[PDB]
Amino acid sequence: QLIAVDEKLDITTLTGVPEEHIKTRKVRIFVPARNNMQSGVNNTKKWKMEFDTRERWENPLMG
Amino acid sequence: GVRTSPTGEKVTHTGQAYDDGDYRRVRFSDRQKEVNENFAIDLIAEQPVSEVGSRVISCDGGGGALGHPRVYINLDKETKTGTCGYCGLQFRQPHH
Amino acid sequence: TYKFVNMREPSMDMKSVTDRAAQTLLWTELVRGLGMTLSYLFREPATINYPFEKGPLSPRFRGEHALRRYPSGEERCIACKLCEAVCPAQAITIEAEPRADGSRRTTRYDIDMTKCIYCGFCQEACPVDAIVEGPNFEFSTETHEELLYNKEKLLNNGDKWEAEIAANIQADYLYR
Amino acid sequence: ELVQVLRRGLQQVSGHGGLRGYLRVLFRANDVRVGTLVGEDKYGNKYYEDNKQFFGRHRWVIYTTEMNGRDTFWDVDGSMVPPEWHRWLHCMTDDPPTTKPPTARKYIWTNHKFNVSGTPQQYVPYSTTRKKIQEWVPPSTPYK
Amino acid sequence: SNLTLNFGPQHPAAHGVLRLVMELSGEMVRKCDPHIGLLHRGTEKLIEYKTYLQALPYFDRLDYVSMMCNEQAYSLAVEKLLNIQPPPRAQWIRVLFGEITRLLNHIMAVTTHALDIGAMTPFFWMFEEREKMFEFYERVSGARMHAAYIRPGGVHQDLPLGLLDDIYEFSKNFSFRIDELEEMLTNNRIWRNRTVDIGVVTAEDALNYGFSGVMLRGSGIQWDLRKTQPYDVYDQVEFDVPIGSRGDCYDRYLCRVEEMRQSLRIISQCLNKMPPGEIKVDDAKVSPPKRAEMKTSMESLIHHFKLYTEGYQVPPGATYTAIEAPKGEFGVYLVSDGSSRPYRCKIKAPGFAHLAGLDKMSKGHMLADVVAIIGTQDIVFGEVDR
Amino acid sequence: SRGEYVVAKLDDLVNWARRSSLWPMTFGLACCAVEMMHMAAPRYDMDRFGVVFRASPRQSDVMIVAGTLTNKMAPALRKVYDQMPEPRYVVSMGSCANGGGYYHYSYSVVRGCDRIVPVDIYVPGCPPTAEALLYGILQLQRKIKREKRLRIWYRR
Amino acid sequence: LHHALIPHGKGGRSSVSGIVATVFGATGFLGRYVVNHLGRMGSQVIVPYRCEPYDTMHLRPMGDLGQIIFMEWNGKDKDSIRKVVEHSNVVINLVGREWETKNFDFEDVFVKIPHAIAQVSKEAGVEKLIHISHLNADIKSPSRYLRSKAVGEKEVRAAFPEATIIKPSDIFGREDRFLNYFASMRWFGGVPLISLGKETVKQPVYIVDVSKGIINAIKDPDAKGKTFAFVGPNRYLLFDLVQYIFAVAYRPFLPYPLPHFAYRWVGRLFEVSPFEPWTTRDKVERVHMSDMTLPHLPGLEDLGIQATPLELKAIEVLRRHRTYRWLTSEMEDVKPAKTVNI
Amino acid sequence: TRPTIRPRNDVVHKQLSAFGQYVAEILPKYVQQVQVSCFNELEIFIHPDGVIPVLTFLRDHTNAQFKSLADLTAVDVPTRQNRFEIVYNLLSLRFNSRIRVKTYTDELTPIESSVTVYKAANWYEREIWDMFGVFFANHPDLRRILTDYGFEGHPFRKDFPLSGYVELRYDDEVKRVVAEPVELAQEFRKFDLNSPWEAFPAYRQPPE
Amino acid sequence: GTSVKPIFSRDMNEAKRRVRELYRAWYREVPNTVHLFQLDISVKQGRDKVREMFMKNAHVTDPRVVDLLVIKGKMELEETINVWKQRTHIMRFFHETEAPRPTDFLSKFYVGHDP
Ligand SMILES: CCCCCCCCCCCCCCCCC[C@@H](O)O[C@H](CO[C@H](O)CCCCCCCCCCCCCCC)COP(=O)(O)OCC[N+](C)(C)C
Ligand SMILES: NC(=O)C1=CN([C@@H]2O[C@H](COP(=O)(O)OP(=O)(O)OC[C@H]3O[C@@H](n4cnc5c(N)ncnc54)[C@H](OP(=O)(O)O)[C@@H]3O)[C@@H](O)[C@H]2O)C=CC1
Ligand code: SF4
Ligand code: SF4
Ligand code: SF4
Ligand SMILES: [Zn+2]
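Chains as they are written, first to last, in PDB author numbering: chain L, 51 to 113; chain T, 28 to 123; chain B, 37 to 212; chain N, 2 to 145; chain Q, 78 to 463; chain C, 41 to 196; chain J, 36 to 377; chain P, 43 to 250; chain E, 14 to 128.
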């Protein structure tokens with residue numbers, strides 16, 4: 051038998067992601083732009099979801 | 028073609044050398060810095076320019092299949108030699 | 037087509053029962069095993085006298101990496117980054133720029149030998165036989181940092197092992 | 002037959018340069034076999050062959066007692082073999098560098114070096130690239 | 078209250094990374110609970126980030142006792158998805174080295190089982206033959222175990238000019254080594270007492286519990302993938318399938334010894350019937366061209382570039398490809414989405430199902446019996462844990 | 041001096057006894073242990089160097105980390121290392137134990153066993169050959185020969 | 036700030052903290068904790084060592100690749116000091132011994148070596164210097180240890196005027212000589228105490244608190260030329276403290292009074308050991324001396340450190356000294372000791 | 043077309059199509075689709091409520107006799123409302139055949155455990171729960187099998203990062219192994235390998 | 014009816030009762046965990062940690078999510094009781110080694126770029 055949950059879907063507590071990477075993250079949903087160097091359009095069919103760029107630094111060893 | 032930095036550190040062929048105030052030199056204390064002594068730019072500069080009697084020459088780096096992909100060099104400019112894009116060897120037509 | 041491995045029953049002859057009883061009481065199979073061990077004791081051992089003797093190898097052997105040169109002394113590498121793209125372990129890091137003479141040459145060529153799986157895909161991908169897997173295998177270090185190779189170390193390895201690398205390549209490039 | 006193997010042992014003792022040489026090779030290499038001298042190294046290593054031993058014991062090297070800077074009477078290791086004899090000794094080829102010398106190049110090391118780990122000559126990694134971002138330099142003159 | 082014991086991971090009989098939680102009444106084993114994942118490396122997720130060529134060495138490292146067989150299974154799956162066919166000489170080379178790999182794995186399994194039970198001597202006798210086969214591997218590829226020789230279009234390189242003779246020399250002598258092993262173990266009453274009627278599994282329980290390979294054939298089930306669903310050239314070689322009668326450790330030991338003999342037979346047949354020709358598919362959009370062509374031909378250079386940077390694309394689809402690996406049925410469920418990277422790769426290893434049934438086989442047995450049962454299942458945890 | 045000569049001789053004797061009797065723990069994780077098994081095989085015969093495997097960590101002098109170290113296994117490796125009586129040594133065998141190797145970016149793999157235990161010798165390869173591991177073991181012996189415990193104690 | 040030293044990352048193992056620290060005496064009790072804290076944030080740590088390199092193995096897993104560099108040094112050689120402090124912006128001095136060897140006395144490890152370190156660091160361009168003294172250091176104490184401590188403290192201040200001086204008191208931890216010292220005298224039947232330990236007051240401090248205070252003083256701009264006292268939150272009588280120590284270890288406590296001269300004589304007898312002495316006359320003097328109270332000095336709470344009471348950390352040190360019967364006993368079962376607080 | 047192209051087998055294709063029609067006819071209540079691939083593999087897509095019936099049929103019917111469970115696994119497709127896809131691979135020794143049964147579920151809907159039909163499923167289902175978080179109802183012992191103790195999250199999900207969230211190291215202050223937020227000396231270098239040109243015209247999708 | 018089937022509970026009341034059962038089991042287990050694992054924490058500290066872990070998911074309103082959370086908590090307790098976990102796993106709940114990340118704007122601005 052069915053129980054008729056009428057709430058908003060929220061699986062946040064089940065994914066095991068740290069709360070820092072849930073509340074302070076901003077995602078971008080977009081169709082990627084065509085690479086202007088080529089005329090092919092096969093990479094502009096699907097939607098992509100990506101995350102905001104964070105800090106990258108240089109390793110003290112090997113750089 | 029190694030040269031010495033003002034701090035006394037050997038300079039690599041890429042030109043890298045830590046400055047005087049750089050703490051990262053401490054990794055070379057009680058040890059050494061690895062610098063390759065044979066500089067490819069200086070070594071390729073010693074090769075004589077090859078005189079050929081054709082407008083277009085071919086280069087594969089020598090050794091046949093043991094070299095690089097075969098390419099064709101135009102030699103129509105008289106003020107500059109033709110350089111291989113893989114090997115660095117220089118070719119020219121008889122001038123003067 | 038199949039065969040049975042353990043579907044044999046033994047004869048019930050009086051003499052056969054006697055042999056089985058003698059085997060049970062006098063341990064003939066165990067004597068046979070002792071005889072096998074004794075025969076092995078008098079054979080010549082297979083041990084080799086390392087390090088004065090070495091195990092056999094092949095020209096195809098994959099070991100410590102090296103960067104090679106043309107006979108003129110110019111580096112073979114042209115920074116196409118095919119080895120970097122093919123590396124299954126992402127163990128290669130490459131940075132390049134136009135050289136002072138305009139040649140297309142690397143400024144950084146790093147191989148993390150603690151990431152490398154020694155598959156040899158890099159030397160198969162390389163179009164100019166620049167990066168190779170050498171014949172050396174005795175290069176254990178005392179620290180982790182010594183196994184993070186940069187371009188200077190790899191060029192030194194090439195200069196050190198070229199006399200053997202070139203000869204190994206000569207014997208196998210017709211299979212490639 | 003037993004007297005023949007005893008004679009062979011006595012011949013092994015005699016052929017190493019007397020009792021002193023026999024003891025030296027016995028305590029250094031843990032082996033007293035005698036083979037034909039294939040060649041002598043630039044650094045003092047000697048390379049011997051004997052085709053009657055089985056595959057793996059038919060080629061060997063007696064290492065030098067004095068490599069680049071260290072005393073290798075007791076402390077020897079496989080990294081002391083130069084690359085040409087490295088190819089011969091590991092059975093990658095049947096041709097010794099004495100009969101089939103390698104090609105000469107101006108950039109090839111004229112002096113082989115062993116594994117220098119744990120010594121002041123060890124390799125230390127570093128970034129070979131130049132600085133990416135250049136910072137603004139304030140003027141040396143006062144502004145007011 | 079029963080005694081609770083940690084068996085492994087640091088235990089000689091634990092095969093490295095097994096944590097067997099055992100509940101014992103005295104020395105009787107009341108319950109076995111295998112904790113695994115101590116060698117879980119997340120191989121499938123990593124494969125999802127590589128191209129099809131880049132994912133091949135993972136299959137080498139899966140079952141590190143049977144390397145060419147894992148390569149062959151992955152290659153067969155990718156070839157089925159690509160709708161290409163390897164050349165005949167490549168198929169004969171694949172079957173030859175698969176039989177050599179079967180010999181290597183069976184040596185390892187039998188000798189380690191004997192060492193666990195207590196017979197320490199045949200291990201040293203047979204690991205010299207293992208060393209010679211490692212030499213064959215290294216001569217053909219340059220690596221003693223992790224060859225990556227078998228590729229999804231054929232094989233990487235051709236055999237060196239003197240390899241077949243050396244393989245024949247090894248094979249004409251390996252039978253006496255098997256004979257010495259059997260003299261050591263087959264009729265020994267201590268060995269039989271340790272193995273007879275130990276870990277007995279019925280045919281129906283073996284089928285339901287997902288068993289395969291020897292674990293099936295020891296119970297009398299007449300099944301073998303090389304006979305029922307042959308893949309490379311196995312329909313052109315004649316060999317016999319050993320069948321057990323009692324379903325215990327002794328029958329499985331006998332089956333493995335006879336399978337070594339049959340692998341020798343197949344190796345002889347492959348040596349005689351090796352054909353000439355090319356070694357990889359003559360399709361430069363899948364297999365790389367030769368180095369001489371790449372340095373002379375524009376198309377060859379372009380295809381070399383694109384194959385070693387992006388890789389070939391595989392048409393969208395999903396396949397399940399299984400082979401008779403030396404440890405059982407080794408399978409790959411491979412899902413492609415039209416790209417040059419696999420969408421999903423699920424690895425089916427016989428060790429997973431065989432270890433999931435260790436508790437069933439160990440009922441009413443002692444600690445040493447459980448050691449024997451672990452030995453008889455031929456478990457390598459690289460494939461169990463993935 | 042006279043005391044320094046005596047402590048030097050005692051140092052030599054102790055180092056020789058320690059390096060000539062190296063007992064590794066019977067400990068292996070993955071593919072590399074197989075090559076380790078080939079070092080005990082008749083061709084190389086590590087026994088002839090004074091090297092024998094012993095199961096109990098209390099009766100071991102060296103630990104060889106031969107294989108991948110996962111996050112699940114790391115506490116067990118640390119535990120069996122801590123129960124080793126001193127002096128003790130660690131040899132890292134292969135890329136996975138060295139720095140993670142082919143699984144360096146995995147979620148469940150420790151990026152190098154030197155994050156868990158201190159390491160004396162790093163043997164590179166995937167897997168290192170039995171000759172490479174033999175070279176590493178002899179290098180560890182040469183390192184043990186170089187240690188000066190009583191000389192340093194006498195100069196305190 | 037020399038761009039190569041600009042902090043980067045989230046303060047983890049692979050981050051850059053901007054600290055290049057030469058830690059003298061890093062192979063000691065406090066040195067391991069200091070190096071651990073420095074390597075946690077991703078600092079370049081330079082370890083000068085004079086012992087056998089084996090005795091430094093435990094310091095190797097404490098930093099990322101290349102972040103811990105071990106160099107040999109000699110205490111009496113200033114060239115070695117210059118070599119090890121040339122490229123550092125912080126120098127920490129943790130050199131010290133609780134006994135005098137035939138090569139180094141109390142004024143060699145507490146006056147000469149600290150002064151040489153401070154002078155070479157000042158002339159090598161080092162920006163920050165951290166020097167560890169004792170809380171009870173003064174030039175008129177019966178203990179030569181503390182007199183040398185005070186002389187060396189003032190000499191270090193003279194050589195490096197903007198140095199940070201930290202004066203802890205009886206650090207307790209897993210590898211200490213405070214709790215372990217009192218727990219180990221159970222093997223002598225009774226516990227000898229001067230005047231039954233009823234006229235001595237101790238204020239021990241947690242080792243982690245001291246290491247955190249040192250790390251915080253490194254990155255505190257205002258702590259350039261100040262002097263800190265690192266003491267615990269509670270002051271105990273010596274008798275009560277030892278009784279609590281034996282109660283946590285679950286050992287029978289049989290104290291007895293011993294006159295000062297007899298205890299000094301047993302200390303002199305134990306001093307003859309060519310190895311590390313079990314106890315010395317100086318150790319006896321320091322054990323039975325009350326802790327000074329210096330309220331005018333800044334403390335741990337001025338560096339943001341809340342001192343951890345002994346009650347929450349005594350079990351982690353004293354559980355090793357229990358027998359199998361009492362090995363699993365919990366922490367709150369031992370009835371915390373009486374405190375002489377104000 | 044002979045040398046480099048994999049040959050076809052129409053007989054097996056016809057047999058598999060006939061048996062797929064047979065199975066669809068016998069079980070109309072649960073069977074939603076039947077397919078045969080170009081390399082002769084039979085696939086049956088069923089409603090999630092038919093896991094126990096269909097499998098039982100395929101194991102016990104005289105004409106099916108799919109006695110062996112070769113493999114059971116899940117596939118994560120985030121773009122679908124029912125995120126997870128459950129795949130059963132079965133082998134019939136009597137008829138020398140292989141079949142595949144596929145169903146679907148999401149993060150909150152349990153799937154009925156098939157341990158009663160196949161014992162081999164017991165671990166596989168556990169693995170699915172460990173790697174994807176799909177709950178199996180009426181499982182005799184459902185717990186983590188592959189991941190570390192106390193591991194949070196399900197790694198085989200597509201939104202789970204490759205290197206995870208935490209990493210392990212030994213800490214000497216606490217004298218034990220500790221977990222910290224993950225930090226990488228070298229970040230994994232993502233490669234954009236897809237070509238901007240179509241490869242297979244036969245699989246082109248309508249342009250909406 | 015939204016066409017959703019339950020795991021165990023049909024409404025929030027049954028889910029709450031299951032939560033209370035799991036909480037009781039954890040509260041009873043805490044002293045045994047402290048004794049067996051030889052932890053240097055008090056029973057009160059462990060019980061407060063259990064309370065914090067339970068309150069971290071106090072905002073859930075879906076009975077299915079509460080059911081899955083209770084199932085995961087039951088597996089965690091079963092891991093703890095059978096000594097499958099080690100002291101390291103149990104002490105990972107406390108983050109003793111991790112340096113506390115400041116939460117106010119100025120400290121975040123001083124240390125770096127992360128919000
Ligand atoms: C009295 C009870 C306590 C002491 C017990 C002593 C028992 C007898 C002593 C044992 C004698 C053996 C020691 C010397 C053997 C070394 C052999 C030689 O080859 O060593 C070389 C170097 O010599 C050693 O360094 C010297 C070790 C001992 C130095 C002097 C001995 C001092 C003995 C004094 C004992 C008195 C104590 C009294 C206590 C009351 C280097 O060899 P090495 O290369 O590595 O190994 C071979 C590998 N190969 C193949 C590459 C060659
Ligand atoms: N522990 C305590 O109760 C408190 C400590 N004190 C002070 O705190 C400092 C560190 O304390 P702690 O860690 O416990 O002391 P330790 O005895 O544990 O370690 C002393 C360190 O100093 C080095 N060292 C000692 N003597 C010399 C020397 N002659 N030459 C070179 N190095 C030497 C040691 O190196 P090596 O291992 O090679 O000998 C060692 O690394 C010390 O200066 C001490 O005086 C302050 C109040 C009390
Ligand atoms: S051998 Fe393989 S893993 Fe190593 S650098 Fe080359 S491609 Fe990468
Ligand atoms: S080594 Fe070869 S493949 Fe790699 S960048 Fe250089 S030329 Fe290209
Ligand atoms: S280094 Fe290679 S062979 Fe060794 S355990 Fe890791 S993957 Fe296996
Ligand atoms: Zn050219």
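Source of the hints: derived by calculation from the structure; they are not laboratory data.
There's no promise every hint is true.
Listed below are the simulated BS3-like cross-link pairs for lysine-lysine, each with C-alpha atoms no more than 27 Å apart in a straight line [as the list claims (entries may be wrong)]: (1) 259/J / 188/C; (2) 96/L / 56/P; (3) 383/Q / 362/Q; (4) 304/Q / 56/P; (5) 157/J / 45/J; (6) 85/E / 69/E; (7) 53/N / 37/T; (8) 108/Q / 350/Q; (9) 85/E / 370/J; (10) 18/E / 29/E; (11) 232/P / 95/L; (12) 188/C / 113/J; (13) 117/B / 437/Q; (14) 76/L / 157/J; (15) 57/E / 58/L; (16) 109/P / 95/L; (17) 147/J / 45/J; (18) 304/Q / 109/P; (19) 85/E / 58/L; (20) 45/J / 18/E.
For a C-alpha distance cap of 27 Å, please report whether residue 45/J and residue 18/E respect it. Roughly 44 Å separates the two Cα atoms, so the pair is violated.
Holds or violated: are the alpha carbons of residue 85/E and residue 69/E at most 27 Å from each other? 14 Å, holds
For a C-alpha distance cap of 27 Å, please report whether residue 18/E and residue 29/E respect it. Holds, at about 18 Å.
Is the Cα-Cα distance between residue 57/E and residue 58/L 27 Å or less? 36 Å, violated
Straight-line Cα separation of residue 85/E and residue 370/J no greater than 27 Å? Given pair residue 85/E, residue 370/J is violated - Cα atoms ~38 Å apart, limit 27 Å.
Could you grab the alpha-carbon distance between residue 147/J and residue 45/J and see if it respects the 27 Å cut-off? Outside the cut-off at roughly 40 Å; violated.
Between residue 304/Q and residue 109/P, is the straight-line Cα distance small enough, at 27 Å or below? 19 Å, holds
Between residue 53/N and residue 37/T, does the CA-CA distance stay at or below 27 Å? 53 Å, violated
Straight-line Cα separation of residue 157/J and residue 45/J no greater than 27 Å? Judged against 27 Å, a Cα distance of about 32 Å means the pair is violated.
Starting from residue 117/B, check that the Cα of residue 437/Q is at most 27 Å away, please. Given that 27 Å is the threshold and the Cα spacing comes to 54 Å, the pair is violated.
Restraint status (C-alpha distance of residue 232/P to residue 95/L at most 27 Å): It holds: about 20 Å lies between the C-alpha atoms, which stays within 27 Å.
Sort out whether residue 56/P lies within 27 Å of residue 96/L, counting only the CA atoms. 36 Å, violated
The structure shown violates the earlier hints numbered 1, 2, 5, 7, 8, 9, 13, 14, 15, 16, 17, 20.
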